[PDB]
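Visitor: Chain by chain, the residues:
There are 2 protein chains.
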Amino acid sequence: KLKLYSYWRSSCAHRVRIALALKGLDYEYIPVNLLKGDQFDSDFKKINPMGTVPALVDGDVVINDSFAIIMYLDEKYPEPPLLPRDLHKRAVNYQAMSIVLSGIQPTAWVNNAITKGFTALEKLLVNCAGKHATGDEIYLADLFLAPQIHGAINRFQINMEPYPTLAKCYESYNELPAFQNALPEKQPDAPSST
Amino acid sequence: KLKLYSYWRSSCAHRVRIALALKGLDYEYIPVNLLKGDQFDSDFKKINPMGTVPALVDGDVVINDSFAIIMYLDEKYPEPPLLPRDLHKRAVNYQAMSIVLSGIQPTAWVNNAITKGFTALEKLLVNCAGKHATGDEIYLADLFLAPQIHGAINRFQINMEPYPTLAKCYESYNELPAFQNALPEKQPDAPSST
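Protein sequence lines, in the order shown, are assigned to chains C and Y. Taken in order, the first sequence gives residues 8 to 113, 133 to 220; the numbers are from full-length UniProt numbering. Taken in order, the second sequence gives residues 8 to 113, 133 to 220; the numbers are from full-length UniProt numbering.
Same shape as in the complex, but just chain C:
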């Protein structure tokens, strides 16, 4: 019985929710309101000593970090694979992951940090033929791109026309249930329509 400590608006938790949905894995969604500071609660700290969200609990095992959680899921529950067979395409997926993870993540506001990272991702992925980031199946890069692009568009009003490959990728996720289900607005702790 997996548990996922998640916050509806966290892009890192969004990545993990896609992975769980693509693996067909059921889990208990445990909301952690990051705006309200619920991650500094001492009982939560008891269960999740690292203190970060997302956090996956798999029995006695607690995994933090979106990338480490996703790799643990892919290695424990291999089907469908989140990495391709081709060593070069696997390297592109890891590079795309790292630009998002460590490149970008960390009147009107102009966000050119995104410009910079999206330019690199476009540079990296434009030569990968296919429906999604690296081919016609969904892989690790796609789980990193979807939440990043959703956040760029919804929080920074970034225009995606300068990044046609990225735009293709993001449009390609609109019909995939695993991706639709994992969206921030669909989560149990998301702001209501009621």
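These are calculated hints, taken from the structure and not from any lab test. There may be inaccurate statements among the hints.
All copies of an identical chain are treated as equivalent in the list; a pair is satisfied when it fits inside any one copy or across any two copies.
As the list claims (entries may be wrong) - Listed next, the in silico DSS-like pairs over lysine-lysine satisfying Cα-Cα at most 25 angstroms (straight line):
#, residue 1, residue 2
1, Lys43, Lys212
2, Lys43, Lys30
3, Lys83, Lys96
4, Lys96, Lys30
5, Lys212, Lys8
6, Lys194, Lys157
7, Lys10, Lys83
8, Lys43, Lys142
Assemble the complex: chain C is given as a structure, and chain Y must be docked to it using the hints.
Guide: Frame of chain C; chain Y shown alone:
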């Protein structure tokens, strides 16, 4: 005939040099002076369009990003393995990698960003019994910790006594040839003794 575009003081390139040495892989060291701005040279840009260092050239294939390069090497040349068999220990290695990659990396100066990241790494690794970060063999976390600790000590004069697990790890690398050989001061472009 592998090629590695490297800069002697780059901690990211330091990580990759350890991996190449542990895999017993020969390569052409191509210096890229990052202080002098050699990475913005147009011919280098032709070979390495992504423009970053380190960059591994494996024939026609150019891989950027320290983590993606190291994974490509581990997957193409599996021996000795840079990840353990145990799924949980593999997850710890990826978490340690991510704290360094995306947590830390990006009168006297006091560097408490390091304090923060080293505190998390200590928290993460203290329950892993063994000579090195996650056991008695060298894995991915160790390739990320060595350059980070070398840089903390040599550029920021960080005292390692508050992080006994990390200190153990770093002392454990002093006798390993792969680690000694990859040090910044030993590289072809490093400042001279002459």
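Visitor: Treating 25 angstroms as the Cα threshold, decide for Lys10 and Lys83: within, between, both or neither.
Guide: within (15 angstroms within a copy, 34 angstroms between copies)
Visitor: Since the copies are identical, ignore which copy is meant and state whether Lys96 and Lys30 lie within 25 angstroms (CA to CA) inside a copy, between copies, both or neither.
Guide: The answer is both: 21 angstroms in one copy and 21 angstroms across copies each meet 25 angstroms.
Visitor: For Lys43 and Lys212, with the copy left unspecified, which applies at a CA distance of at most 25 angstroms: within, between, both, or neither?
Guide: within (20 angstroms within a copy, 50 angstroms between copies)
Visitor: Taking 25 angstroms as the upper bound on the Cα-Cα distance, should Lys43 and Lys30 be classified as within, between, both, or neither?
Guide: For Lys43 and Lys30, the Cα distance exceeds 25 angstroms both inside one copy (31 angstroms) and across copies (47 angstroms).
Visitor: Please sort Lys83 with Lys96 into within, between, both or neither, judging by C-alpha distance up to 25 angstroms.
Guide: The answer is both: 21 angstroms in one copy and 12 angstroms across copies each meet 25 angstroms.
Visitor: Could you figure out if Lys212 and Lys8 sit no more than 25 angstroms apart (CA to CA) within one copy, between two copies, both or neither?
Guide: Close inside one copy (22 angstroms), not across copies (50 angstroms); limit 25 angstroms.
Visitor: Can you tell me if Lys194 and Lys157 fall within 25 angstroms by alpha carbon in one copy, between copies, both or neither?
Guide: within (7 angstroms within a copy, 47 angstroms between copies)
Visitor: When no copy is named, should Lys43 and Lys142 be tagged within, between, both, or neither for a Cα gap of at most 25 angstroms?
Guide: Answer is between; shortest inter-copy Cα gap is 22 angstroms, intra-copy 31 angstroms.
Checked against the numbered hints above, the structure violates only hint 2.
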